[PDB]
Amino acid sequence: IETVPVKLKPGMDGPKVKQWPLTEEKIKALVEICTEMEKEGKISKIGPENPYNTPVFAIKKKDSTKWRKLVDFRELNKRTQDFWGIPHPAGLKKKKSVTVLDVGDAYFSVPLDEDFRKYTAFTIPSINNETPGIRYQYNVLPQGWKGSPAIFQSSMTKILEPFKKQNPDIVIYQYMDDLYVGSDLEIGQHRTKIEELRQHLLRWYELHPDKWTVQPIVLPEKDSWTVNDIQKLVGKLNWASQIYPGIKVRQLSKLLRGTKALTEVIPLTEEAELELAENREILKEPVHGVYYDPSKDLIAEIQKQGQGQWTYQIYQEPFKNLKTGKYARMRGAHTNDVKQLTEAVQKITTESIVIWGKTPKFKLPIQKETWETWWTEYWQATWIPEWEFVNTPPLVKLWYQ
Amino acid sequence: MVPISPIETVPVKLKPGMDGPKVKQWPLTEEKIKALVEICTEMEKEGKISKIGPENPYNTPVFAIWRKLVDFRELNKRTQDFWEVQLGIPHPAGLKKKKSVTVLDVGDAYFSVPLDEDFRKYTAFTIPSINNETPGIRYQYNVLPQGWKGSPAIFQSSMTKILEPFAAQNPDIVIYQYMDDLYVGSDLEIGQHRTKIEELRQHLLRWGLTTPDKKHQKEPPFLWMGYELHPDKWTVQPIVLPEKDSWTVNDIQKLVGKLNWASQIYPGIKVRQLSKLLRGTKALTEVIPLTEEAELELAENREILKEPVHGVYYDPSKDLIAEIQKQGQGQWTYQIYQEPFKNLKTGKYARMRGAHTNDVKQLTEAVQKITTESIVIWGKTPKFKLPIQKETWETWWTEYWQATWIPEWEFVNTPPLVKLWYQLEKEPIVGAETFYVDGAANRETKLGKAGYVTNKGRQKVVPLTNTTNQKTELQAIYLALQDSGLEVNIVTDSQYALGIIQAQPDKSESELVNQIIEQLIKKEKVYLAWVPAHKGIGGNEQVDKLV
Ligand SMILES: Cc1cc(Oc2ccc(F)cc2OCCn2ccc(=O)[nH]c2=O)c(C)c2cc(C#N)ccc12
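Which chain is which? The protein sequence lines are B and A, in order.
According to the entry's author numbering, the stretch in the first sequence is residues 5 to 88, 93 to 212, 232 to 428, in order.
According to the entry's author numbering, the stretch in the second sequence is residues -1 to 63, 71 to 552, in order.
No lab work stands behind these hints, which were simulated from the structure alone.
Not one of these hints is a red herring.
Keeping only pairs whose Cα atoms sit at most 30 Å apart, straight-line, the calculated BS3-like set for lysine-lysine is:
#1 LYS166/A / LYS43/B
#2 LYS388/A / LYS70/B
#3 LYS465/A / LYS287/B
#4 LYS540/A / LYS311/B
#5 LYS311/B / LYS431/A
#6 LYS32/B / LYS385/A
#7 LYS70/B / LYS323/A
#8 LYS385/A / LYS366/B
#9 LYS374/A / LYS424/A
#10 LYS512/A / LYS395/B
#11 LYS49/B / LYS126/A
Derived, one-sided and incomplete: chain A residues facing chain B with beta-carbon distance under 7 Å:
#12 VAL90
#13 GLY93
#14 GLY99
#15 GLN182
#16 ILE382
#17 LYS385
#18 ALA408
#19 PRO433
#20 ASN494
#21 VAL536
#22 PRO537
#23 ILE542
#24 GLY544
Derived list of chain B stretches under chain A, where covered just means 3 residues or more per stretch with a C-beta under 8 Å from a C-beta of chain A:
#25 138 to 146
#26 275 to 289
All C-beta atoms in this analysis are idealised placements derived from N, C-alpha and C, irrespective of residue type, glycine included.
Using the sequences and the accompanying hints, generate a full structural model.
This is the structure:
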């Protein structure tokens, strides 16, 4: 009920960001929503004296036909001063199950610092530039802003204090508008406890981290090898040598001696089998000297494998993976690559939030224009990560397959 | 005297760390001075300005051309940034047909709107007296000065705020707001329409806004922003293409712009051969000759711009359809329509700048473009008619390493059709010869070698002058393709060559790559395998091409 003063970083003016085109249904949804929000004092109409603008669009979350308003506060977030810090709950990723809750509605109670309100300006656009866009600014704490949870930290603490004192074995973390709750209970007991916590938040997405780990490099096991088989093996090993020190391929390359047909079967020598075994032993071990640096950016690379399968790696320094995985989940996305990629990015980002408490910068295997055109049509997440586009096909594709 | 409703001012500040402009007043002729005195006298009588005391430090230069002209450039450099919604303008193809339509142009747009009183002291200017034997006559603005940075935005916002209640009370009519103009439209009867227009201009009169009293000064056809607007249709204003035996770069830019402008309704407009001459620009004076391609192109443009073509207006009850055709040389053309032969609008798409490319990608980009444009204009994505088989697109997107998507579309058969020219095997071919290829060049002498050895004993090494490593690595592959059967396995150590071929171009700027493509097209089955170099991989000989 008392506004805390919020400023920007030194030498940084408020965000001015072009609002991108919206379809008619999304525009109408945003009109309805923002009208209802205006009647409740959550936002107010502003004049031309406000130069600043932030993009805004509409989505539909899981199991809901109701449109939701989403603001791309990325630029405002990076231009907002750093808020200080709560050490990341490293035990959250070690819990059996974690449930994500939407605590966004709680932000609209707390008023936003007046002097700062002009920086949260956004515009509902019109079709064919018929009429000027509707301009609003936030009066309360906006969802998607990084300052909103930082301001609501104390409040959230005071609210969750009884539940925390009740169940010390339950880990509670908060990121943006989402609240992560981890434990080791049963799915039924989990759901009932979640109903309990939700009702506890009322009067005031099952995710199992244990079913996800890192992944090793495996080599084929064959009775008979072809020249092609051995060539691919040598390729993959030569690649993996950039990661694991003791990999050697000279005794396998010795088999390829002479020019033979790719489908011709070559029996392995004892030296070759020995070398392959040693390489296996080497690969079974983890990677040497791999640490996480909180002062460095997280990078996520995603490769399309085909047939709904996608692989990914989160790292900081090249060949030093902090996490590897393979999203192959199929829901309604069968004919649409972009939907698959969007859901993949969302899942990976979520995992990243759970593990490190921050989002990674993505490197997407898609053309900029395609992604920029379609990614908002499948985006159910309240946050947004950063991304770039790789236009050159990677050779390592089948090496993660 | 009926009270006119008060118009609340918009608070305005100068940019942070800056102060109001102080500029030396220019010397004027006695005639100019008298003229300015009379003008500013009547303006002061009208309340647009007011005399100020010596206290005001700030001053702005004024000129006479009689009509006065206050140069606010410095104040504009010192005034705060404003929100401009004027980015983009309404496109005629996006308008919905109305039975009755009215155009109202408000007189004294900026002078009808009051200015923030705390800012008026920054708009101060002086009039030089005769012979300067008396202190110059001092003035400040009380309303929005024309030529000021903040005038359009504030005027627009005020107008919107005024128009909102009338619009809310009149869902049966639609009002478009653009600068100093309002465009009302309705499907009502002409009498009811004229009546509601009278109501509207009355409602504007309540706030002190003047509209044309007579029969509205503009009636169809409307000439607006390069467009011609007719009751049942729209088109562009007639095209003007200069003809001269000597062309400059600026003339090329103007011609290109004009053709681009004409291309939104005239289908088949091409501009590549004329845009290629815009390499090495920034020099506006030059003489650039035209090729036969460019001349035949411009003649084709004069052929298309021979007879007028009209677009229609938008009907929300009917589907939105975009059809695309390939024009060649990276050029694409499209038509957006709802009823056959009756276009809403047309357009073109030129491929981006790249070393390699294929038709499917370009088509995809075109689709994205048309999609975004459509969403801007009609607020929806159209259904597509594409010159590509469903099975082709299937194979492409399923085997493409990148993620890709096209919205709802159907195959129209209007050649040339976009096709996949070659497809590599996912597995080594049984019974097919195996060509281990390699190429290597000397960095200094630019001398290289490229060739292959095969499992059947077939060998070749070719010596090359003026070449690089990458060129020899490509050349070796090309040699393997030339001297092999309809089916072939190829082994290379070139991540470069494999990188190029795995992008599946059907066309390239490198002749060698194009020849490799032409070779692939002739093949039945091609398996391209990769191996690491210098690993002592048998059959892969760096030592053969390094001699
Ligand atoms: C951008 C626009 C809309 C408009 O009119 C419309 C205004 C509001 C609407 F809802 C729908 C309109 O038009 C639908 C299409 N149309 C058009 C012209 C006509 O004669 N009849 C007709 O049906 C009019 C006159 C305009 C006049 C000028 C000028 N000068 C510049 C822009 C105009």
